[PDB]
Structures are given as structure tokens and as C-alpha cells.
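Chain by chain, the residues run as shown.
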Amino acid sequence: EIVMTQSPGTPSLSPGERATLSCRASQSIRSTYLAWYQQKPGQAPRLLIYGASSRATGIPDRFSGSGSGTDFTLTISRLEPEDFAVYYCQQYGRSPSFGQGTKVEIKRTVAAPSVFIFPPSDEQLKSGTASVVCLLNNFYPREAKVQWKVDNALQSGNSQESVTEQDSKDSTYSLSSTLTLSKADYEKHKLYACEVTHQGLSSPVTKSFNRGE
Amino acid sequence: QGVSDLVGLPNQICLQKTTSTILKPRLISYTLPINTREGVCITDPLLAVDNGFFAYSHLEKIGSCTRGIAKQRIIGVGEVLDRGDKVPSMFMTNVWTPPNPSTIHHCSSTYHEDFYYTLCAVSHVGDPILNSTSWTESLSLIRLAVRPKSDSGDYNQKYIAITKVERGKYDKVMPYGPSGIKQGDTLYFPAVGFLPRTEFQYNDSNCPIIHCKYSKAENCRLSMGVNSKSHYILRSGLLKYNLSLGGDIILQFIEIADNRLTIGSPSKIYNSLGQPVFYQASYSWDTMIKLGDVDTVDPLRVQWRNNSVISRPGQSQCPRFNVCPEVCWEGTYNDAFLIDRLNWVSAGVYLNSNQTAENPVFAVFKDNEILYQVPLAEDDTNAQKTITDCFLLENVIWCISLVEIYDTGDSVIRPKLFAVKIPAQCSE
Amino acid sequence: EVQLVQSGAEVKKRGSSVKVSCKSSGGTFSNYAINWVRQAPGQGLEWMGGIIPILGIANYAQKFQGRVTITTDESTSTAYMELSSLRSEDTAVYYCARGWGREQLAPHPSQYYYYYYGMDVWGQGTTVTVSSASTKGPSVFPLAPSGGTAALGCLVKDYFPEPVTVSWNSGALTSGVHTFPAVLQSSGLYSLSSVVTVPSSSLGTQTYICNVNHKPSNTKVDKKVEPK
Ligand SMILES: *[C@@H]1O[C@H](CO[C@@H]2O[C@@H](C)[C@@H](O)[C@@H](O)[C@@H]2O)[C@@H](O[C@@H]2O[C@H](CO)[C@@H](O[C@@H]3O[C@H](CO)[C@@H](O)[C@H](O[C@H]4O[C@H](CO)[C@@H](O)[C@H](O)[C@@H]4O)[C@@H]3O)[C@H](O)[C@H]2NC(C)=O)[C@H](O[C@@H]2O[C@@H](C)[C@@H](O)[C@@H](O)[C@@H]2O)[C@H]1NC(C)=O
Ligand SMILES: *[C@@H]1O[C@H](CO)[C@@H](O[C@@H]2O[C@H](CO)[C@@H](O)[C@H](O)[C@H]2NC(C)=O)[C@H](O)[C@H]1NC(C)=O
Ligand SMILES: *[C@@H]1O[C@H](CO)[C@@H](O[C@@H]2O[C@H](CO)[C@@H](O)[C@H](O)[C@H]2NC(C)=O)[C@H](O)[C@H]1NC(C)=O
Ligand SMILES: *[C@@H]1O[C@H](CO)[C@@H](O[C@@H]2O[C@H](CO)[C@@H](O)[C@H](O)[C@H]2NC(C)=O)[C@H](O)[C@H]1NC(C)=O
Ligand SMILES: *[C@@H]1O[C@H](CO)[C@@H](O)[C@H](O)[C@H]1NC(C)=O
Numbered sequence: 001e002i003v004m005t006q007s008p009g010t011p012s013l014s015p016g017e018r019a020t021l022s023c024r025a026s027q028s029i030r031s032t033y034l035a036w037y038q039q040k041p042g043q044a045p046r047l048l049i050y051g052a053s054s055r056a057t058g059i060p061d062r063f064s065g066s067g068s069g070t071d072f073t074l075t076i077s078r079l080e081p082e083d084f085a086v087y088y089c090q091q092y093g094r095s096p097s098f099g100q101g102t103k104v105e106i107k108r109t110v111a112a113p114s115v116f117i118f119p120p121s122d123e124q125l126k127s128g129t130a131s132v133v134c135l136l137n138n139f140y141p142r143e144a145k146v147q148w149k150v151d152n153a154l155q156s157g158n159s160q161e162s163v164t165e166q167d168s169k170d171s172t173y174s175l176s177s178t179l180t181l182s183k184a185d186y187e188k189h190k191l192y193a194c195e196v197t198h199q200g201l202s203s204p205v206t207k208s209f210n211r212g213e
Numbered sequence: 176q177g178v179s180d181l182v183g184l185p186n187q188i189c190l191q192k193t194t195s196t197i198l199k200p201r202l203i204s205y206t207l208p209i210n211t212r213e214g215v216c217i218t219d220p221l222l223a224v225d226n227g228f229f230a231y232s233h234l235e236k237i238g239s240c241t242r243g244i245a246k247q248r249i250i251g252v253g254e255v256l257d258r259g260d261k262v263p264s265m266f267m268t269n270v271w272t273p274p275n276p277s278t279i280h281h282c283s284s285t286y287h288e289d290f291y292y293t294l295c296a297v298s299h300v301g302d303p304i305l306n307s308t309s310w311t312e313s314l315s316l317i318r319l320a321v322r323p324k325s326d327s328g329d330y331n332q333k334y335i336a337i338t339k340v341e342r343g344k345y346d347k348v349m350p351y352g353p354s355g356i357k358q359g360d361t362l363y364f365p366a367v368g369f370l371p372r373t374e375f376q377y378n379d380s381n382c383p384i385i386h387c388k389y390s391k392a393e394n395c396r397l398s399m400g401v402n403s404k405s406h407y408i409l410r411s412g413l414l415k416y417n418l419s420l421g422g423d424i425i426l427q428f429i430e431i432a433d434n435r436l437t438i439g440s441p442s443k444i445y446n447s448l449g450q451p452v453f454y455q456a457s458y459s460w461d462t463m464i465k466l467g468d469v470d471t472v473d474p475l476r477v478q479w480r481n482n483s484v485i486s487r488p489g490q491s492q493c494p495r496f497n498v499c500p501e502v503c504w505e506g507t508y509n510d511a512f513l514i515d516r517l518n519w520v521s522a523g524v525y526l527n528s529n530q531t532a533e534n535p536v537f538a539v540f541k542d543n544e545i546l547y548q549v550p551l552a553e554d555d556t557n558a559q560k561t562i563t564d565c566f567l568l569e570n571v572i573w574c575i576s577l578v579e580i581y582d583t584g585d586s587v588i589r590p591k592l593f594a595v596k597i598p599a600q601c602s603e
Numbered sequence: 001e002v003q004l005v006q007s008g009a010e011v012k013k014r015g016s017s018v019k020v021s022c023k024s025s026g027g028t029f030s031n032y033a034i035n036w037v038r039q040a041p042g043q044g045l046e047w048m049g050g051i052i053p054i055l056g057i058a059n060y061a062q063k064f065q066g067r068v069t070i071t072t073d074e075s076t077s078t079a080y081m082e083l084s085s086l087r088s089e090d091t092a093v094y095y096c097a098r099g100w101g102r103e104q105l106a107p108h109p110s111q112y113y114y115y116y117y118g119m120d121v122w123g124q125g126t127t128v129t130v131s132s133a134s135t136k137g138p139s140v141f142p143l144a145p146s152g153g154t155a156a157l158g159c160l161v162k163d164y165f166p167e168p169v170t171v172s173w174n175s176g177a178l179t180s181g182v183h184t185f186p187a188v189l190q191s192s193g194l195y196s197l198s199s200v201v202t203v204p205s206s207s208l209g210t211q212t213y214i215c216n217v218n219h220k221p222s223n224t225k226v227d228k229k230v231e232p233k
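As they're listed, the protein sequences go chains C, B and D.
Number 157 in the entry's author numbering belongs to position 157 of the first sequence; there are no gaps in the numbering.
Offset between the second sequence (1-based) and the entry's author numbering: plus 175.
Read in order, the letters of the third sequence correspond to residues 1 to 146, 152 to 233 in the entry's author numbering.
No lab work stands behind these hints: they were computed from the structure.
Where a beta carbon is used, it is the ideal one built from N, C-alpha and C, also for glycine.
Hints should not be assumed to be uniformly reliable.
Straight-line alpha carbon distances no greater than 20 Å define the calculated EDC-like cross-link-like pairs of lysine to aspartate or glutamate that follow [as the list claims (entries may be wrong)]:
id : chain 1 : residue 1 : chain 2 : residue 2
1  : C       : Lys126    : D       : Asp163
2  : D       : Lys233    : C       : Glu123
3  : B       : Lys596    : B       : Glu254
4  : C       : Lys40     : D       : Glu46
Every beta carbon over 12 Å from chain C, so not counted as near; a handful from chain D, in silico [to be verified]:
id : residue
5  : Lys12
6  : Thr91
7  : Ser199
8  : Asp227
Sample of chain B residues at the chain D side, in silico, Cβ under 8 Å [as the list claims (entries may be wrong)]:
id : residue
9  : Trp479
10 : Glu505
11 : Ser586
Just chain C, same shape as in the assembly:
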């Protein structure tokens, strides 16, 4: 019944910088029962630190752990590229439990998205449902907002999203939004618009098509 809370939510650092992650316990624990793990996408976690300061075997020097009682800290003295991953803290013993995780991300300059709108394919309208897609391509940072307009009527609950991980070459993100209609309701409207807001965008950018032209 111990809770671990982790900080910061998502720091952005550069290769060669120093990362320091924090883990806070809902109640005091002996140092000997704290561990730190690393996880890259599509892989299992691997142990980095245990006993709150002891490096696991095979783990580079740049990883070090410290703290006591309620507060513990994991330090990467100087980041390498493969260090950009998710880090979990854990308390163990009678009923172990994890922190919620901290993702370390590559920092670069703000980059505005490119925006593309995709009307539904006729072949899908034949089947009775209609999807309209919005692509936000190669932006940074991760936070972007997609407002769907139909004749300037904004909706909710009918549009899903997805985001790629950081690009290995340029360190950007891309996002895809899918607004889903019944063919019936698609037939009933003319102007379909995507409105995108992002830190590299003072004025929101909008891309829209008029149905059937």
C-alpha cells in the first residue's frame, strides 16, 4: 500500500547533458528496498539500480542512484543517445510497486508541423462509413492540438488520435487524427476543416476541403 510518484513528467535534454530523475514515496522506506529500471519501446525493462545506489551488473558508470527515506534520485552523469528511454522506480519487499515512469526525450529547436487533410475514399463510402484524416508531420515539441470543424461546428468523441515516437534522424513527432462519420452524416455537410495549434504556430493553421471538388 505504498505509492511511488515520479518527476519530472517528461524532461527534454541533449546528448552530453546530465539527467536527474526523482522518485517520491508515499511513506518512508529503508534505502535497501529501492530499484530503478529502464525500458525502450517494444522491449522488456532492464534493471539499472538496486538497493537505491548499487548499479546492476553490466550497467555503465554514468548511472548512479541516491536518496533515502521518502525521496530517491537517479542520475545519468552525461547522456548517451541510447539513454533516451523510460525510467521506472520501484519499491520492493512484501508488496513491491512501481512509479508511473519518466520519459527522457531528445531536445531540439521548436518545429512547426506540416498539415495535410485527407477526404474519405469513395471505396469506403461504398461500405457505409466515412473516415477523414489529418496528418501533422515532423513537429516539435510533442504538444499539439487538433480541432475538427464541419461547417465550423466543432465536435467531440468522434475523432481519435495517434502519435509516433521521436524520429531517429530529426527528433520530431508526427500525429494522425481520424474523424469518423456515418455515410449519412457525411452526405449532410460541405466544408470539412482541420485546425492545428502548436508552439511553433502563433496563429492556428487550418486546412480544409469542400466535399466533392
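Assemble the complex: chain C is given as a structure, and chains B and D with the ligands must be docked to it using the hints.
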């Protein structure tokens, strides 16, 4: 000389509180037959030392200590002698091994001239404490010679089924504690009696709930059993065994008086500076250490010390230093040995933790202050039971302590043995 | 080195049970502990319980007490986790992992405690999906292009279960491709997109075909994407 009972005028000890390490333990665990092997627990340990001899017992299981398969029970005796280093040590002379180790429970050793008499319970239902109704009272005595002889028949080792038990109003009685004493030719073993809740005489008004806002007057009585609705309550006392009687073998139960009554628990009666002292484990809400001079042996009444510094770890409901009546069965056995009656200085091992069994600390203490102490292990060291007996070696007060510890060197729960000289001077 | 090899992916109906296995492959369990740790997609790690096979004993997080059983076959050096009364909340990757485990003296006359230490050897994980939907291959729809740089794509919609694979021009086209994580829609079906960024003049010369493979239904669809 050699090693003698702590009696007469022994060598002076620092009587003042100091934080500097003037106690240095000596490990003597290699002298007892604890043969480590991966995946075998060693539990139910027993230690007694009287008049330069000693008794020891353990049960080693394969796997867990609770649900492990009982592999071997051993009861042994020997002499406590000088290593050559003017340091006392155990040397086995005689060891007995029952044919079925899972059948023997709650052994207790009392020394008398040529032997250690070890009284044990026999059970086919497991621990009688946890299976009280199903246990048919059955007791054994293993008599072991401390100095075996060549062609002696049963002088070396004699087993005895007990067949006559006088137990008063109690349904069943059982040995409950590591060691007892002798008075003349009579032996006294620490013991417990099982009495049905229905016939337990107790006025709830005697429960001291007064400065405890969340304590109900029913709590003491409910805590006289290992749970609130248990069929029995448990009452500490002695099993008396008069050897002068001869013939066949009568054990008589003596209940403990109800001054500062707590649930029946593993206890020890020992002799120090020529008169008997009693320790009782705190297995309930009354968590400060329960020990003191015995006032009368029959009936049994202890002059409990008003000790405000030594306690024992508990769980969430009766943790260390708890003083208010609660309904709980929890705690550990950590006895102490009086080493100076005029100042009431004792030596013992306590677990320095609130709700965890760890950090064994050997400490010399009066009623209201710990004079000097020293750890016996690192600060996360799992450790539960401690038995401390003290004696003279060429008139220097020494104490030997058994501690059930988790040994990281072998990754195994097992007992360890320490010798500690009580220093005369108070500096470095 | 040891290796923990876990059982294969599972698709289970709402309300059923599942029994993942984990085999030790290169050393036995000797006195270590086997933990089970789950991870919902996008979410974090969550310790479910553990077993110490050289002792009898197994212990569980309170949240899973009752629904989770953890056992071993010590002879074949294998551990099992059985989760019953499954729901959508249990859709997750379930990992098996080894560490120190230890019995501990408790401050109690009879009780003992059980400590599970850090986990240094991990299995590859078992995906288990709890859904009522049935195996179904996707439909692929073009995302028509419409200088200086253009974007085109393929919508891979209404399939089950995971996964889908997408390539472009049989794998010859890789630069500028973004294949997005699948989304799960309220029909219980999955849907994802794959897009590619190309030169705007490149829309005249070259052709672009996306190759969608869905193994649970033996489905292969190549779809060309035209500027309409
Ligand atoms: C292990 O347990 C010890 C005992 O806990 C108490 O008993 C148990 C049964 C339970 O009831 C707990 O709730 C109790 O706290 C802990 O030591 C005790 O700590 C308390 C509070 O920290 C001490 O008390 C103080 O007593 C002093 C008397 O001289 C007063 O100065 C003081 O009064 C002030 O504070 C109270 C609120 O606490 C308010 O009324 C006012 O602020 C008032 O002015 C307290 O009453 C008590 O003396 C301690 N008992 C001991 C040492 O035997 C112990 O906690 C540790 O020990 C103390 C000394 C501090 O160092 C704590 O910070 C420390 O945590 C537990 N140990 C651990 C590791 O948790
Ligand atoms: C407590 O004692 C009971 C009473 O005998 C034990 O129950 C018996 O156990 C043996 C061995 O398992 C069986 O052969 C008997 O049939 C059981 N009797 C009944 C009435 O069920 C029980 O095993 C003991 N429990 C513990 C935890 O020690
Ligand atoms: C132990 O047994 C002996 C012998 O039975 C007891 O000694 C007898 O005590 C009674 C009453 O005190 C005397 O009348 C007898 O004369 C004694 N007989 C002998 C042979 O000495 C002794 O009192 C018993 N001790 C205890 C503690 O019970
Ligand atoms: C511990 O303290 C208690 C209470 O102060 C003492 O108990 C009293 O002792 C007197 C004798 O001095 C008896 O007449 C009373 O019946 C006892 N109870 C009371 C007064 O409530 C006890 O003697 C002290 N023990 C030690 C070893 O100091
Ligand atoms: C219980 O204690 C109170 C207080 O002295 C007393 O009045 C009452 O008679 C007692 N009851 C019994 C049965 O002794």
C-alpha cells in the same frame, strides 16, 4: 578456574551510561552443530547454560520454516569452556535425535547435578498453541548426561513418557520457554496452561483503559487468548518436578499470579546472585519488558520491574512501546539476564525496530536507562528470538546469546551464538 | 546465462481465464523468486505477484488477490500465472521476471513475511487481449495526395487482432514514412494509418503502393495510391 554460575561477589562493571563501544561481541557459532546447506531452515532454537554446562536444541526443516518438511530435531548438551583466549565457548558432549522430528514441540531444559532434563510436548496435530483443541496432552522428558560414560546403559540418554500430570482447573499444560531452574531436588520448567474462556475468572474493570481513549475494558480478557474468540486462554506458570519423590513421574502445574497479567507466553526462570528471576515474553498489548525477581515460587508471583526503556517489535496493532490495552497476539521473545541485583542491571538482546524483526542490539540496562550497548549485526538484519544467559569465567561476568538471524552469507535463517564480556571500566 | 521464454500471445473472451507460462531455459529457479508484472499499452509497469518455488509460498498485490494464481512446475523449471474473470482492463503485456526472494522472520509468534527483491532477468512478455470481437482482416483505403512537397497514405481500418504490418513499394520506400500506432475504436476493432512524404513532382514519375499484411487472418493487400 573454569566457568561458574553468576553468584557471590563478581568483578566490577561500568555502572554509568556511555555511548562509546565498550562491548565487543565474539562469535562462537562454529561451536554448535549448525551445518549449513542451501534451502534448509533451522528454527525452534533453545539455549541454557547452568554451572558450566549447557543445553541446546534446534529443528532443521527443508524449505520454509513454517511449511517446510521437518528434517531433524536435535537436543544436545555439553560444557562451556575457555577457548584458550580467555573467552567462553560451547563444546558438545551428548546429542539426542528423536526418530520423528515433526512430533516434538516446545522443549525446555533444566539442569540438575549430572544431567539436563529436557521436557517437551508430543503432538501429532502440529504446534499445540495453534491446534489447542485437537492436541491430546502428551509430555516427554529427555534426560541427557553432560559427562557421558563408557558402559552405563541408560545413564547417557533416557527418554521418559510422562503419565501423571496434576493441572488443577486447567485442561492441558505444556512446557513453554527455553530453560528452568532447580531448587534442591525439585525442577521448575517454564510452562503454560490452557483454560477455557468460559471458566476464566476476570473482572474487566481491572483492565487499565483509563488514559486510552480507543481502548475498551474488554480488551485485556480478549487478549488472554491467541485470538478474541479462541476456545482457550493461556496462563503462564511452572511445571514442577520433584526428583526426591522417585518412583514414577509426577508433573504439577503452578499458575502465575495475576499481577500485571498478560497472555501465556514463552518464559524463563533462572537463578542469579543466589535467587530466582523470571522473564516473560510480551505477546500482547503490554509491550514493555516483563521481568523481575521471583517473590514466591509456589505459588508463582513475580515482582515485575517498572522498566521504561526495553520493549519488543510488534505489528500494526501492538507495535513497540505500545502501552494501551488492545486485542492482539504479536511480539517476540527477547529475554534478559540480571547481572547485578543491588543496582538491577540486566544484559539482553533487543530488536531495535518498531514493526519489524531486525537489528539485534546487545544492551546492558537498568529500569529507566540503557547504560551501554552494541549491535550484533548490520542494520537490516532479520532477527527474531534471543536467549541470553550470563555466568562467571574466572570471576568475570560473561553472557552468551543465541539469536535467530537471517544469515546472508548462506542465505538461510538459522541461530547464531555470541559471547560478550561485561566490561569493568567505562572508557575505550 | 539464463533465459525466461514466455508463452505465446493470447486472445481471450470477456469473462474467461488465461494461464501464461514462463520457462527458465538455461538454469533452474533454484532459490530465486519469479515475479509477474503487467503493462497495459501506453501505461506503466504494475507488479501482480510472485512465487518463491524452493519454498511453497506465493504472494499477491491486494488488487489481484483472488483473481491471480501463481504456481510452478519445479521439475520442468516453469512458472505459471492464471488470471480469471478477465475484462478489457486486463488487456496488457504480461512479463515474467526473476530476482532474489526471501523468507523473513516476522515480529509475530507464528507468522513469516516474504520479500521480493529487484528483478534482473526478464522474459520477453506475453501480449493478452481481452475482447469479444472475432478475427478480421483489414480494409485498406487510399489517402489521396492532392510544389514543393506532398503527402499520401493508406488507412488500414477495421481489423482484429493486432498486429498489422505496413510497407511501401515492397520495402523499397522507407524514407519519409510514418506508420502510426493502431487505435482501438468502440466497435472493438483496430485502425491505423501509414503515410509517406514525397516530392510534389515525384507524383508524376513514380508509383506508390502500400503492402499491408495481417497474419491472424492470412491477409495480404497491396493498394496503390493515386493523385485522383
Ligand atoms: C517507534 O515508535 C516510537 C513510539 O511511538 C509511539 O508509540 C506507539 C505505540 C504509537 O502510539 C505512536 O503513535 C507513538 O508515537 C516512536 O517514538 C516516539 O515518538 C513520539 C513522537 O515523535 C514521541 O512523543 C513525544 O514525546 C515527547 C516527550 O518528551 C514530547 O516532546 C512530544 O510532545 C510534542 O509532540 C506531540 C505530537 O507528537 C504534540 O502533542 C506536541 O507537538 C507536543 O509538544 C511527543 O509527545 C515519543 O516520546 C517517542 N517515544 C519513544 C522514543 O519511545 C519512534 O519515532 C521516533 O522517535 C522519536 C524520538 C523521534 O525521533 C521521531 O521523529 C522518530 O520517528 C518510532 N520509530 C520510528 C523509526 O518510526
Ligand atoms: C490441526 O489439527 C486438526 C485436527 O486433527 C488437523 O486435522 C487433521 O489433519 C490430518 C492430516 O492433514 C488429517 O488426516 C485429519 O483427517 C484431519 N482432521 C480433521 C478433523 O480434518 C489439522 O491438520 C491441524 N492443522 C494445522 C494447521 O496444524
Ligand atoms: C520433594 O519431595 C520430598 C520427599 O517427598 C519432600 O520432603 C518431604 O517433605 C515433607 C513435608 O515438607 C516432610 O514431612 C517429609 O519428612 C519430607 N521427606 C523427606 C524424605 O525429606 C520435599 O518437601 C519435596 N519438595 C518440594 C518442593 O515439593
Ligand atoms: C513497580 O511499581 C509498582 C507501582 O509503583 C509497585 O507496585 C506496588 O508495590 C507495593 C510495594 O512497594 C505494593 O504494596 C503494591 O500493591 C504495588 N501496587 C500498587 C501500589 O499499585 C512495584 O513494587 C514496583 N516494582 C519494582 C520492582 O520497582
Ligand atoms: C468488578 O469490579 C467492581 C469494582 O470493584 C466491583 O464493584 C464488582 O463487584 C466486581 N465484580 C465481581 C464479579 O467481582
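Results for each hint:
| no. | hint | verdict |
| --- | --- | --- |
| 1 | C/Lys126 <-> D/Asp163 | 15 Å, holds |
| 2 | D/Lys233 <-> C/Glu123 | 13 Å, holds |
| 3 | B/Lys596 <-> B/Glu254 | 18 Å, holds |
| 4 | C/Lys40 <-> D/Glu46 | 17 Å, holds |
| 5 | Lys12 | 22 Å, holds |
| 6 | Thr91 | 17 Å, holds |
| 7 | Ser199 | 9 Å, violated |
| 8 | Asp227 | 15 Å, holds |
| 9 | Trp479 | 21 Å, violated |
| 10 | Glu505 | 5 Å, holds |
| 11 | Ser586 | 7 Å, holds |
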